[PDB]
Each structure stands twice: as C-alpha cells, then as structure tokens.
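Note that one protein chain is taken out, while the other chains of the complex remain in position.
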Amino acid sequence: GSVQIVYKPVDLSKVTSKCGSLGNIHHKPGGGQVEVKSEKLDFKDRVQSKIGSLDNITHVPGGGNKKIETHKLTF
Amino acid sequence: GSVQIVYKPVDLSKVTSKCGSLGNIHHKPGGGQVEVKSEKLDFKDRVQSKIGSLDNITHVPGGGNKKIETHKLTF
Amino acid sequence: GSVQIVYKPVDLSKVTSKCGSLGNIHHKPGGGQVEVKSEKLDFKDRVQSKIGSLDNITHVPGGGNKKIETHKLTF
Amino acid sequence: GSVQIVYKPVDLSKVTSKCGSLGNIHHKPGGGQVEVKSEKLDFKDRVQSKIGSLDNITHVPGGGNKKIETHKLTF
Amino acid sequence: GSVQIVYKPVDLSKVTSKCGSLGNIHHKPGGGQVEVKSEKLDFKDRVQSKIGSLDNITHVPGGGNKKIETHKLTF
Amino acid sequence: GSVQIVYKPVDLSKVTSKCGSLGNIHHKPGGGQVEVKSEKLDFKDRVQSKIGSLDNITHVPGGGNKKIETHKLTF
Amino acid sequence: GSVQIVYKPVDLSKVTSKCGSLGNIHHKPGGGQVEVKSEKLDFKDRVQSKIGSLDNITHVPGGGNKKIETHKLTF
Amino acid sequence: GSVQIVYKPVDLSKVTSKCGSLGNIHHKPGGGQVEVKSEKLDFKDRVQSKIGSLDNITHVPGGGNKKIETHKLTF
Amino acid sequence: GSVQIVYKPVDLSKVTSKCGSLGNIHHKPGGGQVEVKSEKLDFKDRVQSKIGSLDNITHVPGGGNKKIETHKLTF
Amino acid sequence: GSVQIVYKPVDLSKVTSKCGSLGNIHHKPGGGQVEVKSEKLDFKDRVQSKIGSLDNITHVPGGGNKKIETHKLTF
Amino acid sequence: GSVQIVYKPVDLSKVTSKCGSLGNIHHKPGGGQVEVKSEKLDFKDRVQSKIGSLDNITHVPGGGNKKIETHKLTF
Partner (left out) sequence: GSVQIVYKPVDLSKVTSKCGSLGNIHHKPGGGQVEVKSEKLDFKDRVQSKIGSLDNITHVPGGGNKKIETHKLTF
C-alpha cells in the first residue's frame, strides 16, 4: 500500500547570554616533563586516544553557547 | 495497507543567562611529571581513551548554555 | 506501492551573546621536556591519536558560540 | 721559669668503601608550586637566606668518604 | 724565662674508594612554578641570598673523597 | 728570655679512587617558570645575591677528590 | 490614579551680627618641631590627607555668618 | 494617571553684619621645623593631599558672610 | 501617561556687610625649615597634591560675601 | 728692716683624655616662647647680662680639657 | 730698708686629648619666638650685654683644650 511520511521539526529558539565583564582570570601551571615508550598499539575504528598528554587549557569564550541537533530519517 | 506517519515536534524555547561580572578566578597546579610505558593495547570501535594524562583546564564561558536535541525516525 | 517522503526541518534560531569586556587573562606555562619512543603502532580507521603532547592552549573568542546540525535521510 | 709544650698527635687511619655498582638511580621531581609575599627584607649581618627556592639535587659520589681534622694550640 | 714549643703532628692516612661502575643515573625535573613579591630589599653586611631559584644539580664524581685539615698555633 | 717554636707537621696521606666506568648519566630538566617583583634593591657590603635563577648543572669528574690544608702560626 | 505633589517651603529669616570692633587680635606661634617616618603609602579612594603639616591659621571674618539650605524632592 | 509636581520654594532672607572696624590683626609665626621620610606613594583616586607643609595664612574678610543653597528635584 | 512638572524658586536674599575700616593687618612669618624625602609618587586620577610647601597667604577682601546656589532638575 | 720675698710655685701636671670615637648626637629644640618687659636698666660696673634670650648650644669638643691658674702677689 | 722680691713661677704642663673620630652630629632648632620691651638702658663701665637674642651655636673643636693663666705682681 501507499506509504506517506512527513517529517517536519519546527524550531523557534534562542540561546542567549549577557555578561557585564569577563576578566582577571589566572591559570598557572609550571612547564613540565613527559615520557612515552611503546611496543604495540592496535586501534581499528573511531578510536580517539591521548597518551602521556600534559595539557594546560584556558578557555574564556565571551558567549560559548552551544546548540546541537541531529535529524535522522531511515527507510 | 496504507501507512501514514506524521512527525512534527514544535519547539518555542529560550535558554538564558545574565551575569553582572565573571572574574577574579585563580587555578594553580604545580607544572608536572608523566610517564607511560606500553606493550599491547587493542581498541576496536568508538573507544575514547586517555592514558597517563595530567590535564589542567580553566573554562569560564560568559554564557556556556547548551541546548541539545536528537530527532530520529526509523522504518 | 507509491512511497512519498517529505523532510522539511524549519528553523529560526539565534545563538547570541553580549559581553561588556574580555580582558586581564593570564596563562603561564614555562616550556618543558618531552620524549617519545616507539616500535609498532597500527591505526586503521578514523583513529585520532596524540602521544606525548605538552600542549598549552589559550582561547578567548569574543563570541565562540557554536550551532551544529546534521541532517540525514537514507533509503 | 721554663714552660715546655710538646704536642704530637700520631694518626694512622683509613676510611674505605667498596661498591659493586652505583646505578639504576632515578630522580624525577614532580614539579611544584611556590609563592612568597612580603613587605621588606632588611638583612644586616651574616644572614644566609633562600626565599622561594625550588631546587633539585642528585649526588652520587663513587666514594664520598670524608675525613676532617683540626689542630689548634693557643698560648 | 724560657718558652719551648714543639708542635709536630704526624699523619699517615688514606681515604679510599672502589666502585665497579657508576651509571644509568637519571635526573629528570618536572619543571615547576615560583613567584616572589616584595617592597624593598636592604642587605647591609655578609648577606648571602637566593630569591626565586629553580636550580637542578647532578653531581656524580668517580671518587668525591674529601680530606680537610687545619693547623693553627697562636702566641 | 728565649722563645723557641718548632713547628713540623709530617704528612703522608692519600685520597684515592677507582671507578670501572662513568656513563649513561642523563640530566634532563623539564623547564620551569619563575617571577620576582620588587621596588628597590640596596646592597651595601659583601652581599652575594641570585635573583630569578633557573640553573642546571651536570658535574661528573672522573676523580673529584679534594685534599685541603691550612697552616697558620701567629705571634 | 492621579498624583499631585506641591512643595512650597517659605522662608523669611535673618542671621544678623553687630560688633563694636573686631580687632587687636595677636596670633604669635612659638615655632615648633615635627618628624614623620613611613614605609609605603597606598591611597585608593576619596582620601583627604595631611601628613607632617605645621600649619598656622588666623581667620577673623567681620561677620562670618553662615546660612546653609537644601531642598530636595524625589519621585 | 496624571502626575503633577509643583516645586516653589520662596526665600526672603538676609545674612547681615555690621562691624565698627576690622583691624589691628597680627599673625607672627616664630618659624618652625618639619621632616618627612617615606619609600613609595601610590595614590589611585580622588586624593586631596598635603605632605610636610609649613603653611601660614591670615584671612580677614570685611564681610565673610556665606549663604549656600541647593535646589534639586529628581524624577 | 500625561505628565506636568513646574519649578519656580523665588529668591530675594541679600548678603550685606558694613565695616568702618579694614586695615592694620600684619602677617610676618619668621621663616621656617621643611624637608620631605620619598622614592616614587604614583598619582592616577583626580589627585590634588602639595609636597614640602612653605606657603604664606594673606587675604583682606573688602566684602568677601559669598552666595552659592545650584538648581537641578532631572528626568 | 730688709724684706725678702721668694715666690716660686712649680707645676708639673697633665690633664689627659683618650676617646675611641665621639658621635651620633641630635639636638632638636621644640621651638619656644619668651617675653621680657622692663623699665630702666642701669648697669654700672663689670656687669655680664642676658635678657630675654632663647639660645640653643651644641658643644662636642674632642678634648675639652681645661686648666686654669691664677698667681697673684701684693705688697 | 731694702726690699727684695723674686717672682718666678715655673710651669711644665700639658693639656692633651686623643680621639679616634668626631662625627654624625645634628642641631635642628624648631624656630622660636622672643619679645623684649624696655624704656632706658644705661650701661656705664665694662658691661657685656645681650638683649632679646635667639642665637643657635654648633661647636665641634677637634681639640678645644684650653689653658688659661694670670700672673700679677703689685707694689
């Protein structure tokens, strides 16, 4: 028989932020030492890997708002 | 027989933040030391891995609001 | 029989941010030492890998808002 | 009248060490964080000072034997 | 009247060391962070000072034996 | 009256070392971060000062034996 | 609803002085001595300050009458 | 509704002085001595300051007869 | 909505002074000594300062009558 | 009859002082006030006079030894 | 009859001082005030006079030793 599919997501949305001031932010890691030694590693699909990282991150987005959507239809 | 599917999510929404001031934030890890040694690792699908990480993070978004949605239809 | 598919996402959305001032941000790593030694690595598909990283990152986007969408229809 | 002083230490002495191997010694300081805050330093005689030092020492003498002697005569 | 002094120390002494091997010695400082804050420094006699040092030392003498002697006569 | 001084130290003394091999010695400082802040310095007599040093030393003498003597006679 | 404010202060007043003579006034300060010692001054807001002053004042107004008035209305 | 503000201060006032003579006024400071010692001064906002003054002053107004009035209305 | 504001200060005021004579005023400072000593003078906003002044002043205004008024309306 | 007078005083004397060091002296008079009121000052023979003085004296002689003698003969 | 006078005073005398150092001496008068009032002065023989002085003296003689003598014979 006849198959009728209607997919219509409707969105009216606002992700909003107001900040009078961002500042006077201090992040103070002292340099550093790292060592990695390896024989066999076997990564086969979508593998995300961090080994021996010594990461310092400072992230001050004035907004930093995120909107994420996934729309999927399968037949 | 005939199949009729209607998918219509309707969204009217606001994610909001108001701040007079963000500031005077201090973060103080001592530098650092890391060692990793490996023989055999076997990651086969979507594996997310951190080994021996020494990560310092400072994250001060003025907003930082998140809106996340998933819409999925399957036949 | 006849198959009719209608896919029509409708979106009116705003990711917005107002900041009066971004400033006086200090991030203070002093260099460093890194060593990596390897024999066999076997990365086969979509593998993302970081080994022995010593990353200092400073990121101050005036906005930094993100809107991400994925739309998929499969038959 | 007569004063006679005779002084005579006689020393036969041996300070000895034997070691088969001085090795596989690891000194791996994990970093550190130090802060000092002051009004005045006002150092007027024979002051020895360290302020905010973060000093690492590794000392592996193959012998490291010490012999110390003092002879003093006063009249 | 007569004063006679005889001062005659006699020394036979040996400071000795035997080592089969000095090695495989690692000194690997993980960095570090130091801060010092002051108004005045006012150093007026024989002051020895270190301010804010971050000093690494590796000292592996094959012998490193020490002999110290002092002889003093005062009249 | 007569003053007679006779001063005769006699020394046969040996500071001696054997090492079969010096080697495979690693000195690997992971950097570092130092800050010093002041208004005035006022150093007036015999002052020894180090400010903000970041000093790495490696010292591997094949002998490194020391013998020190002082002889003083005062009238 | 309707709001009516009527503010009507009425002032009929006299500040009066009669003097047969203002005079034969002697101010003869006998000199003086003042000493002040300090490390730092750190003035951050609205200070009215006098430090170590030795100030002589003679003030002889013939009338010197003072009238001070304030009228304030807020809505 | 209708807002009506009427502000009508009425002032008839006299500050009056009668003096038969202003005079024969002597101000004769016997000198003086002042000393001030400091290291740093850090004035950041609206400071009115006098340091180490030896200020003499004579003020003989014939009237000297001040009237001060504000009138403020705010909406 | 409908507003009215009416402001009508009516002032008939007089500062009056009668003096038979202004005179025979002597200001005779016997000198003086001032010393002021400092390292740094950081003045950052609206600062009024006097340092080490030896200031003599004389005033003999014939009237010196003062009338000060301020009229302020804000909406 | 015949008169014989012999006047022969003999003086052998020493006025001595030994000082290692003279110093660190402050004389800081706090000002002062004097008034003296008189009619007639008839001074007729050998008068030494001070009237209404305000005198300050500082006297630090390295020796300051005084020897005074008087020898008088009358017939 | 015959008059014989012998007047023969004999002096061998020493006024002595030894000083290692004179110094660091301070005199700081705080001004002062003096008034003197008289009708008549009538000084008739050998008068020494001071009237109304305000005198400051600093006197630091490296010796300042004094030897004073009078030798008088009258007939």
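Quick notes on this structure:
Read from first to last, the chains carry the letters A, B, C, D, E, F, G, H, I, J and K; within each, the first residue is number 1.
What we mean here is this: a contact is a pair of C-beta atoms (placed from the backbone, for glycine too) under 8 Å apart; a residue touches a chain by one contact, two chains touch by 3 or more.
Residues of chain H in touch with the missing chain: 28-33.
Against the chain not shown here, chain I presents residues 28-33. Of the residues in chain J, those that touch the hidden partner chain are 2, 23, 31, 52, 54, 58, 61-63.
Definition applied: only the chains that are shown with their structure count from here on.
Note: centroid distance chain D to chain I, computed from Cα atoms, is 72 Å. In chain B, the residues touching two or more other chains are 2, 23, 28-33, 35, 58, 61-63.
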